[PDB]
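Quick setup: one chain, the form deposited without this ligand, written in structure tokens, and binding and motion questions come after.
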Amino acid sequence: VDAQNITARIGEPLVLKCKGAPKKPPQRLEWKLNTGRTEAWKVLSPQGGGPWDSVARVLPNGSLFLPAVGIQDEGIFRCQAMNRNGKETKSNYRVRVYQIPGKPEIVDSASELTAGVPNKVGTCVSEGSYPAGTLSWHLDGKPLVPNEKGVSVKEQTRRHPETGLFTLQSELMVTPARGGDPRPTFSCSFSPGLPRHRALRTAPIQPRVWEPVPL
């Protein structure tokens, strides 16, 4: 789309510009937005006056103002103004948002695990993340890839029905090669969709690898 992209953190105010508009009223411009809150298309005016005045209100200078963002606010936003006269200008905005979960935690982590077979190593958990994002395992600071050599991950995403946010869980199990590193290091790393931010790592776990009793 002619739409330019905008991304904002959840809870913070956003302010959009109406291209080529009178800086002081009286002004003629009308915003159009289809989003989570809009049933289909909501048209907003310099006067405002609906229930939207505590949500989205056109400023005296023509820009569109949102006191604090929320997930439902994701969508497209457009404006049409008249530069007198009769010059006329457009705006096309795609708006996405995000939230950052707390530092991921580990749970159900093996005191010690044994070689030659699968083991339940533990589970990472991240809460309050948007958009969803992901959990990646690292052995000694290197990546752990599924389907390959006894490495497995039991995964889910749980959306808080109220906050519309995500609770994350990743359970790792591994079959160690007999005769491997006896004190290997695992970590877990949450990453979001864009470079909207960096990566969060869990405090590692340095379990003890015990060998199988001979037969």
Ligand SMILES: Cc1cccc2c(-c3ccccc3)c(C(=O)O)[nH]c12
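Numbering follows the first chain given and starts at 1. By rigid core we mean the largest C-alpha set that fits within 1.5 Å across both forms. Compared with the form solved in complex with this ligand:
Once the rigid core is used as the reference frame, the Cα position of residue 15 differs between the two forms by less than 2 Å. Remark: with the core as the superposition reference, the CA shift of residue 103 between the two forms stays below 2 Å.
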The other form holds:
4 protein chains.
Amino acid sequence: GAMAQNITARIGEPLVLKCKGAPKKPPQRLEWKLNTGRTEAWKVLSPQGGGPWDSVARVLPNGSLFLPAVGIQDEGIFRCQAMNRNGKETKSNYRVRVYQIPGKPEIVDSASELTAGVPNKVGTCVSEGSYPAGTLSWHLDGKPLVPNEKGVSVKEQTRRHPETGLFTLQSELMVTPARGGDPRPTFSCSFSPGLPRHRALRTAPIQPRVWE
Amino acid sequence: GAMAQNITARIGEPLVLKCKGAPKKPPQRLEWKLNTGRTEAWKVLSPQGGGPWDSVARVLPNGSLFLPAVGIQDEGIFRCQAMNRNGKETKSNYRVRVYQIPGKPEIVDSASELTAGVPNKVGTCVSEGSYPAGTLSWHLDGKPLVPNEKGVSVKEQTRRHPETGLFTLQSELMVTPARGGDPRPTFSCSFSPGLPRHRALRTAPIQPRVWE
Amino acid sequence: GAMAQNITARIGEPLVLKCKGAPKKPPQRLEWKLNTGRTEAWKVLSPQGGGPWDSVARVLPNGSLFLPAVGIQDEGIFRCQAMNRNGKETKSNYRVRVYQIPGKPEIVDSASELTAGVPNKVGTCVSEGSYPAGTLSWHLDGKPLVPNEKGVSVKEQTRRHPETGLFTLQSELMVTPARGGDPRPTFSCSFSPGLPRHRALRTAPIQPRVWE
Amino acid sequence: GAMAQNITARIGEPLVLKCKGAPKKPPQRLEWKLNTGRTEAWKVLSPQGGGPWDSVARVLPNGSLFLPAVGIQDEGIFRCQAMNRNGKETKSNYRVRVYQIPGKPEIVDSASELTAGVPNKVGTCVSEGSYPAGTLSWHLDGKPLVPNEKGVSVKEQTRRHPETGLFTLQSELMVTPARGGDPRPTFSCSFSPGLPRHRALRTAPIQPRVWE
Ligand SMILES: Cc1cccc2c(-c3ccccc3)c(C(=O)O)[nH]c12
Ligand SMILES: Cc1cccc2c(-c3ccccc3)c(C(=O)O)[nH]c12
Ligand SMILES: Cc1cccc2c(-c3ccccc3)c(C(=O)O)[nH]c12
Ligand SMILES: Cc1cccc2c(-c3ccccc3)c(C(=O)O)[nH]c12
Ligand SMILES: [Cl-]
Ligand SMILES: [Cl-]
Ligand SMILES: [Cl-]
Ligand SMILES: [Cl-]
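Structure of the form solved in complex with this ligand, please, following the form deposited without this ligand?
In what comes next, the whole complex appears, and the chain from above leads the way.
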């Protein structure tokens, strides 16, 4: 596509997008065009408005576009073209990505005892309510656990809420502690969001006993 | 995929799917699996139910699956496996396609007079509220008009309702009447549904005057 | 989207799209924009060309866009804007849908004998190589058979060729002939294409014997 | 979906998936089912093989599934069910995600001089050939630069190669240096892959002069 300003909008919150170069107040020669999950290709929106789109996105007095409550289907491209009172045309191009932050992740069915030298289920980490899905990862004494490493096995599951579309993730960790290891290792699980610069969320740690 | 019974479900109406081979009343060893626009791959539903799926699809006492009001996102595959009291396992496989019937199509901005030998806009046909989109087509005195045949030009547009997802179609017909033709031709437009065996809907005819 | 000329392009064949209002020969101030399965939103193509797109779609000397061999991923929207030598700007807007015609459909595993009053497998109809998928339907003595009617059952299956993406459809018909019916009914199966105004393809008929 | 082992497969490389619990050599009672970008819902593959799938994925003598060169369309779910010689059934469930590593990112059109207190284009970072798209981000003297923080503006662009589907990303950085800042700041850009645990790639730094 073209060069755009990246916008991240939290699901359920309002979004205002500026129409650069629009006069401060009506009358304004400007048009918004959007291509999102709601549209078939481009939809044009104008300051006059009208119709079912008035429930979803409306042009404000200063020419900005306003969505009262962003949904998953509002992901897409939003563009404005405006003429100021001198006749200069200015374009605005936005790429809108939407997100939701899950609840704090939790470890369920954690083991209190592990046996060295054999596979053990350590626990299941669960995160509910993310968009985009994001990922779960396990840590041992502050270091990432890698499933490709020997003695670590992970299985993962993704589900969607049938009404909101938000993701629930589940990650089951199994480990084979090596003979002579730490008898009280500390495990935790982290949720890493799908979008850049969003912070990870971490579970409370667990500390099983390992039997030699 | 596998062999399935095809099911067409009107948006907004309930749907009941039979679990073949299930005992008539509980207790029943049966499981439903669905893969639809609501799910990430397969979701399992059981007679006990529970959780947010209880608002969307529930297993009934006789083991059938019930959706109180089908939506676009319920398109997909629905499967049951049941054991009867004899121990025999029976599988049911359904492919569910959803639809909505638009309002009767209308011709707007129809021309009252055409001039022979030059291009004329005849009118614009509009259909609102279909799923899947379907198509619009023009007829002249009961015969289909085919674009790219000489003297016929059509342009078409598709939009979606931002909240319901249903389609609005628009079709603009232009013709070049051939000299010596009928001075009072009769045009109409028809909506053809996307699914098989659904009936076409037709507009009232228009009858412009052609000037030689 | 906007009003467009609908274009149907057969997979594997060339496609030429006219840039209306472009000068007959270079130099030309014109630009093509396309949004297809190949692109992330709009891609701009110019008479100079260059790069990997030169293998897929190139602007010709008269300004038309040329694709030597259309694929499934070329479905989408193609637009031109040109200035003629007088300074007038002209826009062209095309909605391109692609298709492939399957081989003639065939009935396999047809029954030679049916028993009245009980369910019988009549046969399986198969169509290979369509795009979009299209549908199969059964006919009895020239009349459509409807699965919603008593004594008719149909199951259907869709597969895709892993390399070409073209669809293979299969339809299995079962019937319960009513006591006292025709002892030599004639069945056939028809493939109905997904796009409008494309012709159906029909199998050779079968003529089982029915036992009272 | 169900619990699965997550598998990451580099585009263009072979992939082997183990059928757990299968006998070491034929004969084997086992079946693979796949649902990927190539399939309509599930496709069953068997040790005998045959047909066009033999060019894409084949069952090996030990029952493993083999793809000689993974493509984007092989993303999806791969499952095996096998019986050993004892009669025990074992299931294997894999979620396959595909990727490609882009070339090292580069900064083009970097500025040699910036002026304090006014917006300046610093440069454009470009990464070619990734899957999934991934993201570009700017750093100043080793610290992430965050847009929407005062004096930082970023615009971004995504394109796809028309034949391979791989992504090219472009990111243009503008900054307003604050008066009294470092006259020789050091900027760099990093590519962050879409999949977890894949390493970032970084450009060579640039060091413009800032004029007070
Ligand atoms: C590349 C690019 C960036 C920002 C805005 C636009 C517009 C536009 C948007 C709203 C109204 C009129 C034109 C167009 C077009 O449609 O030509 N291209 C754009
Ligand atoms: C090919 C086919 C047709 C109909 C039902 C199923 C089921 C199933 C559905 C619900 C519960 C348990 C199994 C499965 C499977 O998952 O093996 N395959 C099926
Ligand atoms: C609604 C509509 C129909 C046909 C062409 C265009 C173009 C365009 C196409 C190629 C080059 C420059 C502009 C645009 C735009 O981008 O504004 N809108 C269009
Ligand atoms: C939940 C789950 C995990 C792993 C494999 C399967 C299979 C399967 C796969 C290949 C062949 C036969 C059955 C099925 C099914 O289809 O019932 N469910 C599975
Ligand atoms: Cl789900
Ligand atoms: Cl729309
Ligand atoms: Cl398939
Ligand atoms: Cl692109």
